[PDB]
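There is one chain below, alone, in structure tokens, taken in the form deposited without this ligand.
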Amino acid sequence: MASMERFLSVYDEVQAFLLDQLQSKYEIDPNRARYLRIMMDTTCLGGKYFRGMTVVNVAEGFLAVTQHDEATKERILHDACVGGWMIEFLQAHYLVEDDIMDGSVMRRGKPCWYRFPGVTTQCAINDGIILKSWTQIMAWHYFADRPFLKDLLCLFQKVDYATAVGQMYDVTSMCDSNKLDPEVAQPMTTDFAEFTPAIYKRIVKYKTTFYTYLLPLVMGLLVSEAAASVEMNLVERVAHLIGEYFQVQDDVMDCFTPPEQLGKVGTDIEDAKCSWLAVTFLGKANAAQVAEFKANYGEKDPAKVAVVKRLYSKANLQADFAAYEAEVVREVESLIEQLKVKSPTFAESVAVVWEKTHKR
């Protein structure tokens, strides 16, 4: 955790850079500077730093096998940290805005940012916008002269857009596609015909995998000037696979993990989310159980939510999860083997990403 230390120190630097700039070029006053400092901390700190630290880890692995001056080593580690915080702030953006979109109450055992008394939705929507603009201000400042600037900005931009499209797939996942119409209020599906594996996979791929796995791995390659070292179709396939697994864990926990341990009260049932539980349950239920699911899903009534949870328990979805978990393990190993050929170093970083995902 020398690595973590360096990561968290660069946070303080980037924060001081951003706030200093607000004063020198944006005419900000101290009280507004303090409000943003607080906003930044509250929204960007307190997680595990998985996405940002992956950039750092990928760069550290290349540093162990690549010849450089010390000053160059330090520059590469600094860039990996700044790149990691670009991802963290991008995540922060999306969590602030998603929490508002969904009317969420808590995140990480603390209230959602919009719910803070002196924030409100009015300021919070803009605060999220600020979060994401800070990523660009970081990039243009710290990476102005870097040969990877263009590639890094273009990647970032595509990942951002993927994530927004994924959010659209998510927010629309309980509607019937043939009924989407801005002019007409959308009913919740009655047939659940679109609660399929292929459809779930589409949501998760765009909404999470791009920003959580693809971006930190490819950013670590880009700040290392190492991208031609790997087969980018392979990196993409392994990110999309690990990414899917990660969300299937999150889906299971939303239902079954105690709220104090989850950091929030899960509401995927009431929200009629296209979860791995729902999709899996529908792939194996009999006619009477499908009917009972339809009568009870997507409803705030706790009585009906508890009917859903009992259908899940009875249907033995733990056996489906274990089968899934074993197959993802096969596939992740296969892809690591394919990466080992070209870059053993990069394959080991992917192995570590997978280990941290698989046993969290």
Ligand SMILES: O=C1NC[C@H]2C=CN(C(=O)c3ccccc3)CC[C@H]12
Given for the second form:
Number of protein chains: 2
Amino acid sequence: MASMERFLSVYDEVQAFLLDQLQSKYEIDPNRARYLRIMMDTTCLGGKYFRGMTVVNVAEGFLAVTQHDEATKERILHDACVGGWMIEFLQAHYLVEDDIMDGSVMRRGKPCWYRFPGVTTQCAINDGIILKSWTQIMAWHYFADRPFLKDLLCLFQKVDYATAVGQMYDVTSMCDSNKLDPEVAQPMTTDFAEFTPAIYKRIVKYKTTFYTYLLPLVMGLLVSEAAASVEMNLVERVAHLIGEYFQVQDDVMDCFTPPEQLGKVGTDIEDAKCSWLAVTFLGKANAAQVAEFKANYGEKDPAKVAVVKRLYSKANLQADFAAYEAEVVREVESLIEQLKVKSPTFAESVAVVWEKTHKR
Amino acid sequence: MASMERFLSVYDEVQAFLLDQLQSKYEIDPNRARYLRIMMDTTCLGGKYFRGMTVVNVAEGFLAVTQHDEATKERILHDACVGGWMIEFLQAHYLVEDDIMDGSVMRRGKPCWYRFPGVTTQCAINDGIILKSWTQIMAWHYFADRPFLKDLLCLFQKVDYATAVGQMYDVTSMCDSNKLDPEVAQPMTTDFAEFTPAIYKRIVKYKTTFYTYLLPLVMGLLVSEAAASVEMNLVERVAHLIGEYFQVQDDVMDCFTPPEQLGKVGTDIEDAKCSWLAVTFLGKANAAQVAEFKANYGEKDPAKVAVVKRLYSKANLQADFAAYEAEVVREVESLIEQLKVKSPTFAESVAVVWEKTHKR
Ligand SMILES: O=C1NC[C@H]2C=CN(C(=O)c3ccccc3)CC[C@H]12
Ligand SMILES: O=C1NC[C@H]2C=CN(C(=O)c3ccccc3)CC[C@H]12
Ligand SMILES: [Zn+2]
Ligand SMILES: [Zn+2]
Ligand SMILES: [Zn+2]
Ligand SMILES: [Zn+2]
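Please give the other form, namely the form deposited with this ligand bound, since only the form deposited without this ligand has been shown so far.
In what comes next, the whole complex appears, and the chain from above leads the way.
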């Protein structure tokens, strides 16, 4: 069975399980079950399933170099699928809530869930909550007798929290830390002194890397009973590196990818995001360029957004990007080599993860 | 040590733990730690701590009739305190998010968290997320080697999900089930055919009773290693009963308690809530009264709200309330007696829970 087709079949099984349980234990009626079914399909389905399929892929690598009964292979693959759907539903939680937080309009070329006419923010906040609760309902049902249950739950928990922390880093990234105060309306930074590589790196590490790269890799190890076969510090370090590279691409596209290809009109400039373009610009700009930037960044006015985009074009940030990229390729390959010491076949799963990130 | 003073001391300890961990493992800076500290104090502190103190109280009852070393008593009480704070933080999660969902203005005589000038909805949705993640960080840290950890996590998980389900029942309670559809803007019901006691009961059971009564009672049993000493079906049945009574009081106050005593301007009528007043009214009204109700319910217009309040006064719902109350007193006392069979001292903790609900 091809990995993708196995993974999508399990979606159906998990969906049927969750909804049958709502009926039989939670007194749901058919119409509210239908609403939740559509919510699940709309918020969970339609991407590439890179995160979920990572769990499956790691697990397949382990199976190919380990002795198991056929029924144990199926069990392990089914577990990887379920584990993968937990990460996919965790993302869907965060995407629903983040879209509401940010006033987003579109996502993957369709309206954000909260904007559906029969949804509204009042319901969508709660729907987002449900999406995360379903992660835990999955885990407890399918992994009830599994030896990895505790470690999986504890890991999941920590990634979740890290992601929420990162969300806090992200939405506060345009304020001056020393002015943060629940009592006082927050001004945008005027100096941009916190648009640094170290600061940028923290936002991304927490907001994106833990749930996108670390979790899928380590969950693939946990369901395979393979974690003690790899050096975990290396898994952490390579995840953070690749996850950083992923976000830098996403930042570059926000500004330069046409909206019909992005699936989104990008607003990073208008939202004054601590983006890789702004940090990297500020790291090479002269005084005049910096002042022009401060006079136009973080304002909805299209003329002002056009000025910042001009500044970024003239600043030759493609060069700094290719230099960043070259250094990431070096470090990732170094970490892949280090991972060959104890786990050559895991190393190759990491290599496929890096290739799919590096190309797309 | 008095139970309240122990419980509030543990808040400080848990707060210091969470924030020290953010610094030492999550790269937080002092200002963002300060923001989270204030968020925690603002959203977790200031109520009666009925839910959290329930866990402590159950545990104290067990200690008084069981043999333990002094250090084991302290351990058990500390665990009950931590367990209690998990429920208190779970409530704070739901209160933050519900206030945003509903456009609430005030809560306990102060502004809702999202309305704080330096917060905003963009941050508060995420702050609400954090509040729930902290429940799991507590549990994993303080209960890592505890024999009850799995059952506590599994219970917590199920209550959480039930509460989110109930929130869905609540916010959809004024729509016709057969019209629910994410694609189509939802009209308010015109027939009010779903304002029934069975329907009302489901909203409340899920939205409120599981996290307010069932969870605190059963968590008190789990930390005490006492769950196999009580009949769990009876704990469920008495929790649902008391939790229903609690909500009926809350519904009655929304409409009749002056806003300075409520801590809130009540909007149940304007929001067209499936409230005990509306259901009970509809269960005794004549044709004329029903038509007048349909012509004024669920509309912000103060004249229209005043009409509904008049209808409720003239309808003599105090009588149906005293009849409801008498029946609840009967059933609760019956269940308390049933609980004396296997667990007399637990029965008394349930009796204190009922008294504190019945009087306040
Ligand atoms: O137990 C082991 N010791 C040597 C090691 C040799 C090859 N293996 C891996 O590279 C591998 C590890 C984790 C997950 C997927 C694959 C399998 C595990 C083997
Ligand atoms: O193991 C037991 N069997 C009889 C029973 C007699 C009294 N007990 C209770 O009523 C009790 C139960 C759970 C929590 C708090 C108190 C203690 C447990 C005792
Ligand atoms: Zn965002
Ligand atoms: Zn982006
Ligand atoms: Zn509400
Ligand atoms: Zn109310």
